[PDB]
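2 protein chains.
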Amino acid sequence: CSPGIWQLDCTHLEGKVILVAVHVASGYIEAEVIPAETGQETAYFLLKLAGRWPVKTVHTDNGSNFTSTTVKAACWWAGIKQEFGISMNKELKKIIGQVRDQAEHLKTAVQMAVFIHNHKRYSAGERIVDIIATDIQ
Amino acid sequence: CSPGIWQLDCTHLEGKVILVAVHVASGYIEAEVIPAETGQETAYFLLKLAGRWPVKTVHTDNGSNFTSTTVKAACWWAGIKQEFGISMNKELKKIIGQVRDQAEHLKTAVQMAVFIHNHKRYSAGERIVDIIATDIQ
Ligand SMILES: CCC1=CC2(C[C@H]3CCCC[C@@H]3C2)c2c1ccc(C)c2[C@H](OC(C)(C)C)C(=O)O
Ligand SMILES: CCC1=CC2(C[C@H]3CCCC[C@@H]3C2)c2c1ccc(C)c2[C@H](OC(C)(C)C)C(=O)O
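For the record, the sequence lines run as chains Z and L.
Here the first sequence stands for residues 1203 to 1288, 1300 to 1334, 1341 to 1356, where the numbers follow the UniProt record's numbering.
Here the second sequence stands for residues 1203 to 1288, 1300 to 1334, 1341 to 1356, where the numbers follow the UniProt record's numbering.
Mixed in with the good hints, there may be bad ones.
Intra- or inter-copy, both count: the list cannot distinguish identical chains.
Computed list of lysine-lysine pairs in DSSO-like fashion (alpha-carbon distance at most 30 Å, straight line) [as the list claims (entries may be wrong)]:
id : residue 1 : residue 2
1  : 1274      : 1333
2  : 1303      : 1333
3  : 1274      : 1307
4  : 1333      : 1306
5  : 1307      : 1320
6  : 1333      : 1258
If you're looking for bench data, these hints aren't it; they were derived computationally from the structure.
Based on the provided sequences and hints, a complete structural model is requested.
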C-alpha cells in the first residue's frame, strides 16, 4: 500500500458520467461529474489531482481510458506512471442516493457524498494525510 | 496560523474568472477557472474543498462574495464559519504567464501553475499535510 498509488474509474448515474479517483492505501476519494467520458476530461482531472496530492502511479479497471494522446501528455507533464502492481464506487453510489433529494444537481450530490465518505469514521481523510506525512518523515 | 483557515478570492485573466483558495498556514493553493463570478460557482467550490481538506473557517478580501443564500447553505451544510481573526494571487499569475504557451486553454495553464506552486521548494504541499497530521496527533 504505497502512498503514491491512485485508482481512476468512470461510473454512470442518471445518464451522466462520474469520474472516481481512490487513494488505494487510505480509501480517500476524489470524484466529479464530467460532461463526457473523453481523454480531455480524464487529462484535466489527473493534472488537477497531481497538483493537490503526490500522485506517482495510476491504475484503472478500464485500460483503454489511458490510450488517448491527451492523457499520456498529462501523465508525461505531471511525471505520473501507470501502476503494474495491482466496490467504493458502490459505497459512494449508496451515499449519493441517501443525499440525492437534498440537491437539485447530481454534481452537488456527488461532492456531498465525497464529503461524507472522506469524513466518516480514523477517517479516510485523516489516513491519507497521516500516510503521506509519514512518508515525508 | 490555525490548520483550518482558508482564504478565497477571485482574480481575472484573459477575460475569465479564476477562483483561488489559499491554506493560510501553509501557502498551499487550490484554484480553478469558473465561467462566472456567481454564488453557485463559489458554493460548489467550497463543498468540493471541504470534502478534501478540513475547512473550519474561510476569509476573503471581498466580503460581498459570502452574501448569496447559496454560499451560506454550502457553508451551513459543510459546517464552515466565516473567519474574523484576519500576493500569491500574483505569484500564481507569474507562474501562469511562464506556462501559458504550453497550453491552449487557460484552465489547463492554471492547474499547471497550481502544480508548480504546490510542489516547489519543504513544499507548500508537504507543509499542509504536516500541519494537518500534526493537528490530528
Ligand atoms: C439555498 C439555495 C441553494 C442551496 C443549494 C446549495 C447546496 C449546498 C449543499 C447542500 C445543498 C444545497 C442546495 C443550491 C441552491 C440553489 C440552487 C442550486 C442549483 C443549489 C445546488 O447547486 C449548486 C451547489 C449551487 C451548484 C443544488 O444542486 O441544489
Ligand atoms: C497531446 C495533445 C494535448 C495535450 C494537452 C494536454 C495537456 C496536459 C498538460 C500539459 C499541456 C497539455 C496539452 C492538450 C492536448 C490536446 C488538446 C487540448 C485541449 C489540450 C489541453 O486541454 C486539456 C488538458 C485537454 C483540457 C490544453 O489546454 O492544451
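Results for each hint:
Taking the shortest Cα distances, residue 1274 and residue 1333 sit within 30 Å of each other only across copies (23 Å), while inside one copy they are farther apart (34 Å). Taking CA atoms no more than 30 Å apart as the test, residue 1303 paired with residue 1333 passes inside one copy only; the shortest distance there is 16 Å, against 37 Å between copies. Only between protomers do residue 1274 and residue 1307 lie at most 30 Å apart by alpha-carbon distance; the minimum there is 26 Å, versus 32 Å within a single protomer. For a Cα distance limit of 30 Å, the shortest separation of residue 1333 from residue 1306 inside one copy, 15 Å, qualifies, whereas the shortest one across copies, 37 Å, does not.
In this assembly of identical chains, the alpha carbons of residue 1307 and residue 1320 lie at most 30 Å apart only when taken from the same copy (15 Å versus 32 Å across copies). For the identical chains of this complex, residue 1333 and residue 1258 are neighbours both inside a copy (26 Å) and across copies (16 Å), given an alpha-carbon limit of 30 Å.
The structure agrees with every numbered hint stated previously.
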